[PDB]
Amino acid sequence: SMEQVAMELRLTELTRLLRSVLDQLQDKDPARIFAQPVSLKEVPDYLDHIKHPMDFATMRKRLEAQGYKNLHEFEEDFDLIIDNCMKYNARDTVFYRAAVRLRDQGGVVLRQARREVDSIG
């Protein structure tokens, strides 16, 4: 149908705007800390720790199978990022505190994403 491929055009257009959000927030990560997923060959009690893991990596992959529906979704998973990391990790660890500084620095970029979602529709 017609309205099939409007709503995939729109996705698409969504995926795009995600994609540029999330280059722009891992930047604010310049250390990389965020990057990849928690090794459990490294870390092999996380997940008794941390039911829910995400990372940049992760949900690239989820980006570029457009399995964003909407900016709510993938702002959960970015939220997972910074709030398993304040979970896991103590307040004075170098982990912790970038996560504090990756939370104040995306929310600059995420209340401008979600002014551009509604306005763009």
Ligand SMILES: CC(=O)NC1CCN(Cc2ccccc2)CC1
Given for the second form:
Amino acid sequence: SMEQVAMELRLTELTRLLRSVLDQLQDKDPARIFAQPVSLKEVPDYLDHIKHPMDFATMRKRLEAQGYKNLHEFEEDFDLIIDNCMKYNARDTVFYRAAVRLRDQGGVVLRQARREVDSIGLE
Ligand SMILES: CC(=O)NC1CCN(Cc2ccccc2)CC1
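Let me have the form deposited with this ligand bound next, following on from the form deposited without this ligand.
In what comes next, the whole complex appears, and the chain from above leads the way.
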């Protein structure tokens, strides 16, 4: 129907917005600590600690399959990346500190993304 099409146009423009956001978020991770899933070969007991792993590559796959219906779902995954890291890694590690910096810098991007989502009405 025309309705389904209109909906899909909105999802596509949401996806376009979120792709930009993801690219900006990933720029705040120059070391690329969060670029890929934690390796179960290098950390074989990771899943004993973290029940819902997340990383930027995994987000990008969901993103490109238009799997984020709204900004909230996207933010959920971004928060997983940060929160998983700050539990698994101790406070005085380069890993924990990278997540803190990513959280803080990312918040600026996500704050304006929320306004753009609401203003354009993409949800
Ligand atoms: C996102 C996140 O938490 N990434 C990593 C942080 C620390 N590394 C340490 C490490 C390196 C090499 C072998 C075994 C463990 C494991 C996972």
